[PDB]
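Shown next as structure tokens: one chain only, the form solved without the named molecule.
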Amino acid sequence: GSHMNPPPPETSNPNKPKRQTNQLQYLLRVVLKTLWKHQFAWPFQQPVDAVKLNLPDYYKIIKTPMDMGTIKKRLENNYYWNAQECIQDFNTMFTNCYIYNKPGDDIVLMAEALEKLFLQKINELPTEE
């Protein structure tokens, strides 16, 4: 873990109130599960390692990083209070990709495939009970 990469997003903080909701359970069991196993998931399964990729400007451009490895930790370690927080994390991850990369770059096509799946699943996010 290089000093030239930022610290990853917070995934543990006892002072932040936590809750299980049926919607968060769906995000873990249906949404994350579906996206994680996708053929195009691998660039998104951990924070962008700008040193290893030789992208020294990455964290100059992307000031709100997010990735599915972080989201998986947040879901598995009950970090969230509600589904909107987690949906926002997914949307941040996609937008980072679209902002940093050229349209039509392979990673953008990969992100777009995952986002299409994401949208289908979120359209079916259950009513909160």
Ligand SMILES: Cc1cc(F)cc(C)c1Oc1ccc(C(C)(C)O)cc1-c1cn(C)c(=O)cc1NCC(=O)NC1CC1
Second form
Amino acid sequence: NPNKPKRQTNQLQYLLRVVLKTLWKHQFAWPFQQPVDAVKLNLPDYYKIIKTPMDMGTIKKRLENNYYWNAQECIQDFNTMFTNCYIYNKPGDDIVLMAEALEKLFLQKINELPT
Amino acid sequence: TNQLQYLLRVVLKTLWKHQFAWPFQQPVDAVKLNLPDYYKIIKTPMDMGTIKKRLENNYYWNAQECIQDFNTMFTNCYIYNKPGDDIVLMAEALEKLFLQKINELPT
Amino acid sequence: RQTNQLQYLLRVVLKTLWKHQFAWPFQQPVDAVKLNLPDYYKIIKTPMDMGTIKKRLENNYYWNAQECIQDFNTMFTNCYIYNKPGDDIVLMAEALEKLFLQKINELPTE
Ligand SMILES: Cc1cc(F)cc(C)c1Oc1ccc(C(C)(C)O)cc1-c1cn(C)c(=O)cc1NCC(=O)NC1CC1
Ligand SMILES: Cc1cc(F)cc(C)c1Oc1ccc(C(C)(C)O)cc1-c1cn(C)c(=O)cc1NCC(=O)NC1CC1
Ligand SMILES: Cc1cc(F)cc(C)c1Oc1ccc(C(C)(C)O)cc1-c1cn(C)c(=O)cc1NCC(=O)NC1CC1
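Could I see the form solved in complex with the named molecule next, after the form solved without the named molecule?
Next comes the full complex, and the chain you just saw is listed first.
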């Protein structure tokens, strides 16, 4: 059989080196690279309305510091980042269209994930 | 479950969160605490801050190397301090818990 | 993800080279602002140092051990590209590279 097996690439590595690295470069990334700072924008309600916060900053730390059990867990944190943003903001805001753009892209990049 | 993941996410998270963790979350600062002989007596100092950093930054060859570091932390404390001491009773509690958690180590 | 090979590069190879007398110029980027080298970041299109390599091993950057080896090579060749041969600094890299090549020969498989 001259057909050799398709290359075995790790999923979480791909998440760091490919998925995250793409989202991070993108022009709309900056509001998601650190946590939402609810002091410095006047919003003392943020932390009551958002159960469990999330950002690419934290996802990056986690990929770099052996946090994630499996690639499923890392994806959860991405979804949670977006869904946090859609809840706490009023649809058709600017933050929401930026998040919708990063999500469209996210789902492209996830679809080409290895196995 | 890779054993080193279990040590980071379960063993250390449990211990780090405990009442008595704080004296163990960073190196014993012999200068601040004004203990000149500490580094002479304790040849291999150790603490949860350093073990955490090691788990996060791929230092350990395997789980047993990481378990020895926890044991070093506890015994270092039993060597340097006198029994009965507050610091010792705390380390004793953490050891008890550390051992319960190590009994559910996957293989 | 972290193969026993990458483990060897962190614990044995990098640790050995970091401790050597000649390491210090390769422990962080060449600060070309400080040294008044405007041509450096123009002649060296892919800078490397052991600082960056240490970071990358600690933070699961590498696809595999061989990508890390590539970084070490680039570090040494960057040095040989920018600097006149015979300079103090080149002889230092050569010393470290000789030592690298020794340690890399005992690299385990899988
Ligand atoms: C406030 C704001 C004005 C803009 F023009 C564009 C953005 C993205 C804005 O949102 C942020 C700007 C800065 C920051 C910092 C860097 C401080 O964390 C965060 C946000 C912001 C980010 N995320 C993820 C959100 O879900 C919501 C955010 N702010 C919404 C906000 O404060 N809205 C107030 C007008 C009502
Ligand atoms: C000094 C002390 C007084 C107390 F009332 C309780 C504790 C735990 C104490 O121990 C420590 C307090 C702070 C620190 C800091 C955080 C600065 O590194 C360390 C210790 C301490 C911790 N561990 C693990 C030790 O083995 C020994 C420590 N020092 C005890 C000490 O100085 N003992 C001599 C004064 C008798
Ligand atoms: C300039 C110099 C003089 C010496 F006596 C020894 C060394 C290693 C020297 O090189 C460096 C000294 C410091 C630094 C710092 C730490 C600031 O980034 C870098 C270098 C240096 C390092 N590496 C890896 C190089 O390839 C080249 C470096 N300097 C080249 C240099 O500045 N040459 C000047 C004559 C042009």
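Residues that one form lacks are left out of the comparison. Basically, rigid core = biggest C-alpha set you can superpose within 1.5 Å across the two forms. Residue numbers count along the first chain shown, from 1.
- In the core-superposed comparison between the two forms, residue 120 has its Cα shifted by less than 2 Å.
- Superposed on the core, the two forms differ at residue 20: its CA moves 2 Å or more between the two forms.
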